[PDB]
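First, one chain by itself in structure tokens, the form deposited without the named molecule.
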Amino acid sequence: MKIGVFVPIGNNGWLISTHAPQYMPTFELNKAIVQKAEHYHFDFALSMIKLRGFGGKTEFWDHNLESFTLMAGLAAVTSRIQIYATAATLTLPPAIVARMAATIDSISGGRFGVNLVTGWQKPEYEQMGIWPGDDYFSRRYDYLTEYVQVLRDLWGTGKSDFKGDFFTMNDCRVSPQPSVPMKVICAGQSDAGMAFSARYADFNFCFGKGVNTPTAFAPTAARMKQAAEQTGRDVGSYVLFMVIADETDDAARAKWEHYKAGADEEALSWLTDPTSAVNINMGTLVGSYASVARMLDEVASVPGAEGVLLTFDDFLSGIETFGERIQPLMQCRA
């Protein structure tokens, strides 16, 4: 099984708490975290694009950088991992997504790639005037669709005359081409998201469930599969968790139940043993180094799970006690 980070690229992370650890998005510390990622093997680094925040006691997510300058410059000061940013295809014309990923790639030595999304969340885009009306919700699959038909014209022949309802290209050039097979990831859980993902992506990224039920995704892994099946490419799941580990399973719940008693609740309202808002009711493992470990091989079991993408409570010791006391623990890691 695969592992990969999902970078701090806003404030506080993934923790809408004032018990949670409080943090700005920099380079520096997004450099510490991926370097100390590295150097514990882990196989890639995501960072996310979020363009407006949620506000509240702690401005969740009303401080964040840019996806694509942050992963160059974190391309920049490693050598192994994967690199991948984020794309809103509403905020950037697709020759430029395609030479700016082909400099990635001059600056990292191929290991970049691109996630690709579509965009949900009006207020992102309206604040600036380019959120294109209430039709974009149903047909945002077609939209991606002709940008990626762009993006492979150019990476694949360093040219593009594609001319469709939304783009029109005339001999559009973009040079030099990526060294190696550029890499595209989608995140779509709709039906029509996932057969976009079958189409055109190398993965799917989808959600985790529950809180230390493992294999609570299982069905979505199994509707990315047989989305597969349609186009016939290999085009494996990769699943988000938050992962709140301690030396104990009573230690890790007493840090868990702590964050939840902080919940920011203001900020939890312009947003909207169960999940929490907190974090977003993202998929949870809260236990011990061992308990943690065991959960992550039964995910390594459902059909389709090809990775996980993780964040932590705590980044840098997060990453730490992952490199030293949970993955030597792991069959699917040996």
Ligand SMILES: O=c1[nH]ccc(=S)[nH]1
Given for the second form:
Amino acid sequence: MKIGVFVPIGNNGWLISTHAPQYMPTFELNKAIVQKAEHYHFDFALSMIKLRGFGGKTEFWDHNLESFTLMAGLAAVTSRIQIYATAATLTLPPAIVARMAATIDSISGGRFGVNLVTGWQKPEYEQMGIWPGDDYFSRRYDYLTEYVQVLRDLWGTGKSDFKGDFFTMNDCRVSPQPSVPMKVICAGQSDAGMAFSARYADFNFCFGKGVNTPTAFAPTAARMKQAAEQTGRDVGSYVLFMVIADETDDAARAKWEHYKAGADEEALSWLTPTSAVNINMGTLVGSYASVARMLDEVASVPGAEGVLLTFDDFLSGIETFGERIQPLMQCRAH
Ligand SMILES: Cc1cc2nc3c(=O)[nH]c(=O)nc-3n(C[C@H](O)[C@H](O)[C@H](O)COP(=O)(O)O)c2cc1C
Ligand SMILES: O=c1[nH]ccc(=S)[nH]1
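Now show me the form solved in complex with the named molecule; what you just gave was the form deposited without the named molecule.
Let's see the whole complex now, leading with the same chain.
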């Protein structure tokens, strides 16, 4: 099974809590995180893009770096880990994404890929006057279909004459083309989203589910595998979990409870047994060996090819993962 790190490009990472570690996302922190992940043979690092926050006491995701320039800087200080940036497709023309991807292909020596998202959060786009309207919910995947067709032409041949409802290319040129076949990843959960991924993505990100119910997402991965049969392409699922690990199960549970006890309800109001403290994320809470075991269970779910991990504390969570959890995982014996 592959393991990636979801890098905190947003302040406080994925915990919405006065008792959680408090930190701004800086280049240097993301650098320390990704270089530590790489030291422990993490397979990839991904940042999201988040153009508007949720406020409250912790000003949750009010402070966010931009994904392509962050990952270009991280590519320059790494040498093995795969690097993925997220394009919010409403905000960047496809030929710019195509040339940015070529550029980070160059920085990284072929280690770069792109996570394509339609955008769902209307205010992220409305705030800058670029929301298409409420037709967009229904048409997101049509737009994204034309978008990726333009990227495919440009990465494949260096040119595109594509013409659709949303784009008009007139002998559009992008060169250099990527040194390696450019990976596209998607995080579709809907039927349309999974059918998008089945056609154009290398893999699909889905949400892990429950607290300490590691195989609860299985039906989502089942649907994604069914979507992939429709195109004959091999598009596995990567599953997002938060790991809250410690020396014993009791100690990890005490941390989790402590985090939930500091919940920042004001920030939580703007947004809207799993907790909203981490956006109801799939959470694995346990001793190092309990977490290793639960992650081994994820690896056995049909369709599951990797996990994307957040931590309560990235610097020491990556360290304990690599020192205490990973060496116990069957799916990492390679
Ligand atoms: C791992 C992961 C990363 C995501 N990153 C982003 C992001 O950077 N920006 C964003 O607007 N949405 C992001 N999303 C939300 C999805 O792109 C998506 O809209 C949502 O999962 C619902 O699926 P649908 O688009 O099929 O309705 C992410 C989802 C997952 C699972
Ligand atoms: O659930 C989520 N995790 C990270 C980013 C976004 S937008 N949503």
